[PDB]
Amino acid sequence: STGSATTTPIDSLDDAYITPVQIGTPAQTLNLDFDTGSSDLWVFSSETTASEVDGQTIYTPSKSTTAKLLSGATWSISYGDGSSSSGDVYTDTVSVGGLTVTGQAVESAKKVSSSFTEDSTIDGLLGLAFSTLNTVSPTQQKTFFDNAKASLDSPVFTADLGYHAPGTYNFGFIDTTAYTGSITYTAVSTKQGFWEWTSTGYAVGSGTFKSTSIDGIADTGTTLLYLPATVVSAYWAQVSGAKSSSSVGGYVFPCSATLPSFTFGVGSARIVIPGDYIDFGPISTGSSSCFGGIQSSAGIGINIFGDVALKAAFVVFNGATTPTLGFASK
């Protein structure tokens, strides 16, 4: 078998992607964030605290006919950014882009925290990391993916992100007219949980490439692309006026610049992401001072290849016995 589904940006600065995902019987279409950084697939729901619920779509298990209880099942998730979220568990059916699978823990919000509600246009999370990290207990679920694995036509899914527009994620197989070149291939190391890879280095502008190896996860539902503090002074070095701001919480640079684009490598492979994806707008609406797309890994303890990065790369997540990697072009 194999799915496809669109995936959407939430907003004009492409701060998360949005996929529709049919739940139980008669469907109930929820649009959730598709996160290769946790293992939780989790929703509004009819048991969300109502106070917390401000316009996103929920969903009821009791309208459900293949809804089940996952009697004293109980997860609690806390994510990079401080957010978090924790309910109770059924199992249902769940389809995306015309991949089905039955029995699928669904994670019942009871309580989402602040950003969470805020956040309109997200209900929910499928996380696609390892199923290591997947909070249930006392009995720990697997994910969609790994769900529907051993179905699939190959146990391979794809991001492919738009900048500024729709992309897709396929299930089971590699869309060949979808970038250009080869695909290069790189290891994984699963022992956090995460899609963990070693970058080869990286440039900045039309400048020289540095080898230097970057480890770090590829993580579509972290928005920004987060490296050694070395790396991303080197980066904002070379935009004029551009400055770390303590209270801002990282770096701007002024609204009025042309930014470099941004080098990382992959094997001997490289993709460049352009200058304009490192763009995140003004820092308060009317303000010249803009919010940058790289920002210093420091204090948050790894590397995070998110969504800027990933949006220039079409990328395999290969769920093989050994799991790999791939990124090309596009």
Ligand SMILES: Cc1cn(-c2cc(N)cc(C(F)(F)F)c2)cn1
The other form holds:
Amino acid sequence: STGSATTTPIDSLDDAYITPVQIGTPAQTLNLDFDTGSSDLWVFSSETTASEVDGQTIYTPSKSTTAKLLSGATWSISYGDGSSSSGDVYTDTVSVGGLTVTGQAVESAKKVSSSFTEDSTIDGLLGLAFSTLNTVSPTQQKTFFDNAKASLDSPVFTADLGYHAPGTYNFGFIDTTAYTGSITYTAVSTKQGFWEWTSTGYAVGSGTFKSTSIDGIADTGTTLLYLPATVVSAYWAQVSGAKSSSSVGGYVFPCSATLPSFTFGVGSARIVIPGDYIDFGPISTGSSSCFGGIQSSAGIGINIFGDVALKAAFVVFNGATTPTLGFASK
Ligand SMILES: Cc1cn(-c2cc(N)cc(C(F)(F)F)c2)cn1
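Any chance you could show the form deposited with the ligand bound after that form deposited without the ligand?
And the full complex, kicking off with our chain again.
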């Protein structure tokens, strides 16, 4: 089997991407944030504290004839941006783009933090990291991809995120019309539960490529590109007037600037992020200071190839017995 679903930016800055997901019988369609950096499929629900729901579409398990409460199971997660959610667990039928899994753990939120409440466009998350990170207790649950994998034509999914435009998540096949050139595959470590890999280096604009190993994670659930402070300083030094602002929490730059591209290495291959992908707009409405899309990972403890990097590529998440990651230009 295969599935294919369109993923759409939630706003004009590509702050996140939502993909429609059918849950239950009859289907309840929710728009979920597909997140290769986490491993829980959780949703706003009829159980979510009412004051914490502000415009999201909710899953109502009592209206799904295939929903079953998973006895005694709870979940609780916190993300690197400080956000969090928790609740109970159902199993139900979940379909993405025509691909159906029965008995998928659907984690129903009883509580969500304010940043989730304040984002009316995201109805929950669909985790696509390794199932070892799933938070359900006392019996850990499998991701949607892990449950689908054996049925897929090939044990893979691909991310093709758009810049200011829709894109696609495919499951079970590689669309050879969706990229240019070849796909370069690179080794993955699953030891931390992530799609963790090592980039071979970087260049800023038309500058010389610096060969240097950069270990990091392919994370569709993180908006920005988080890299070592030395790399990020080298990037922003090429933007007149850019500076790291402690009050804002990262590098900002004059909105009148034209940003240079940023290239990262995948083996001998090179993925070029156009400068415009790095502009995240005014720091507050009407400001002429703009937020940068490449930021230091120093406070985080891991480098993160988030949407800013991934949307410049066609990305293969190969879930074969030894997982690998593939990147192509597009
Ligand atoms: C904006 C942002 C994202 N993250 C973050 C994301 C992931 N997937 C994992 C981690 C951790 F540190 F746990 F490895 C951090 C932190 N800040």
